[PDB]
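Take a look at this single chain, the form deposited without this ligand, given in structure tokens.
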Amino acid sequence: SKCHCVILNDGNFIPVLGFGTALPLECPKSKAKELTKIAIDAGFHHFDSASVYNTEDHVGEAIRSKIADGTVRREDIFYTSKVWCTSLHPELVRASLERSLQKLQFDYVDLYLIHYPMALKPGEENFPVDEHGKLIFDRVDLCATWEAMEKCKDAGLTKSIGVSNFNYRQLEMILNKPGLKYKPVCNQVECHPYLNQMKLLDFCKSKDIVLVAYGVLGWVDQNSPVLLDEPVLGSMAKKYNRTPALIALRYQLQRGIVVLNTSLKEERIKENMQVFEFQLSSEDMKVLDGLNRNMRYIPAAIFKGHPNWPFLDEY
């Protein structure tokens, strides 16, 4: 339990820097094993996975390996999973979490999220499509998923519950539910200097909810200027002799935001702990606040026509 940590509203602690375990589609899923071992040797305790990545076997094998040989204990690991759009029906939530625990060979996850606020046809295929390649959308009472999330916590299957990719109104719906037992501890969303999420952040904090960031570092499209090509991150990196990456990471930390980051490169994975080594100044923080340009690199476009698509409201 030794940590660079913030407390969540149910009294559990999460490491403020975590390792994402979704892979490039061109990687063998086994790559998440190797990367997890590397991230563990680098000093990472927080691992972020979901049913849908198809990486949870490999990550658990990585972690169990490093428990066996005594690098870490289970209690030193903060592990996150998420229920996928296809299992949001209340009966389907715990069944999917129990499956995940089978794949990991765990007793529990530390955190369990609703991945999106959008249901798809059950069950086995993660992207159920019809004749013309369009997702088959489903209906569910999210308040009922939540109740089901809530029972998973009571059963000891997960230590905390939260959500991901909710807008503030979808968050509201949960918080105003009659008979609510547990608030989401977090809302995990895309967050970076180009999409700094200040209004959602401000709303979460007002409701005792932690913001957890991903997409933290952001042919014509592919090769046009990128988030880390950003001139101000470039100069602040040199001004600090850190990387542009490490500026954007530290930006988030000084804002009380939990950061997830990933990389295929070990040297890259190790550099993340540098985020603990320096500090940005009040003025650099305010300059960095000025980069916000409503740039959403991860809009989930195939879901765009779903009634519950989170990315329409302002925040």
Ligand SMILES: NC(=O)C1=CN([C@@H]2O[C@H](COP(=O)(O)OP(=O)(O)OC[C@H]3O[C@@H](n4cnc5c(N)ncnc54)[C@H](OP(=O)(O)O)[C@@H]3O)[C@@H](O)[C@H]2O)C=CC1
The other form holds:
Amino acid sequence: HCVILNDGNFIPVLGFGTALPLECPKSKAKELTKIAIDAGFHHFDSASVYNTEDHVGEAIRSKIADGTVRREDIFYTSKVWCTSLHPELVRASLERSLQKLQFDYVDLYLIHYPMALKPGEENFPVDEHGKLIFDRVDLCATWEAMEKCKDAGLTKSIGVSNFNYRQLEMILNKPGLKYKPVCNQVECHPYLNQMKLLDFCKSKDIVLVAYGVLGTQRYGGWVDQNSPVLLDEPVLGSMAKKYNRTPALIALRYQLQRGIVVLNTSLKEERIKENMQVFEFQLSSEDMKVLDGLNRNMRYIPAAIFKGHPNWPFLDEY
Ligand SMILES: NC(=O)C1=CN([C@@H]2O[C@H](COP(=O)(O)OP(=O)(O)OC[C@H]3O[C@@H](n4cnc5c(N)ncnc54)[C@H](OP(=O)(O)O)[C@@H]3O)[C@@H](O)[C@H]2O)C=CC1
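Alright, leaving the form deposited without this ligand aside, put up the form deposited with this ligand bound.
After this comes the whole thing, all chains and molecules, with the earlier chain placed first.
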């Protein structure tokens, strides 16, 4: 179950996300990755800022070493963080991730956010008022650095995350552009269906990879705890009953039928296994329209601490 990227490489349409809630120890990522591999997942999504690439890498290497899977059958994604967007720092960050993973290459490397922060070891540099210290970077130069990483064989494909249409255009219209982003990883679910951005990405052969498909893990410090819980949506419950599935399976299938590559995370083995059942049924065209009607511009992860940044991506309509 894969789709072909604009650079010729293949990506599994269902991926397991390795980000964790604030209360979980980093080692949890190793445990879950092993469970996900046993459940049939081949696509794993990580990021340098998660600081658990070492744990995910150990899980994958353990399953390769014991005969469960081969490296070529695993699709691993990492992302360069805001503090390393400067052109001269991009490759250094990827090389650091490769060392943590003890991998020769990653399958996909993304710009995590189109917003640079003061360079340094600290991922969230702040001033004396507790405000993030923004930095200005030539994102087209950042992209050129990403292209060099691909040409150096450190990553098979390159893309972006949390970019809006104008930011994608900046790259697409860049003079000397060699590789278009293969994807734009953004938040997407029935309450924020990204109809406009999805249409734009499709017209440019850019795959939309979705997170928050099940409403996000509601991370403390990022998600408003008073926001509605997506899977509690009555329409998803009614549809789950109709198709004899679960609200989560309905939400996952909705996105797959829109041509979206979906990420998902669960701390429970039973659910990790259940989610693989999304390939077993089809939502009718009429029911897809019912789910299209739930849009309400509910953005669970607005990256609020970045508000004020000249490149905050969520101000524009899309
Ligand atoms: N690029 C970016 O900016 C970001 C990327 N991500 C990526 O997206 C991945 C997915 O995470 P996220 O979007 O937060 O979360 P999801 O929307 O994928 O999941 C939200 C919740 O769904 C629950 N859930 C999962 N499966 C089931 C099921 N079968 N039945 C009932 N409940 C279920 C989980 O709860 P429980 O664990 O209790 O089962 C989980 O807390 C991350 O790990 C990361 O890789 C995340 C945030 C930002």
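Positions refer to the first chain, counted from 1. C-alpha atoms forming the largest set that superposes within 1.5 Å between two forms make up the rigid core. Shifts are known only where both forms have a C-alpha.
- For the set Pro178, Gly156, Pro225, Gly133, a Cα shift of at least 2 angstroms between the two forms, after rigid core superposition, holds for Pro225 and for no other residue.
- Core-superposed comparison between the two forms: residues with C-alpha shifts of 2 Å or more form a single run of three or more, at 219 to 225.
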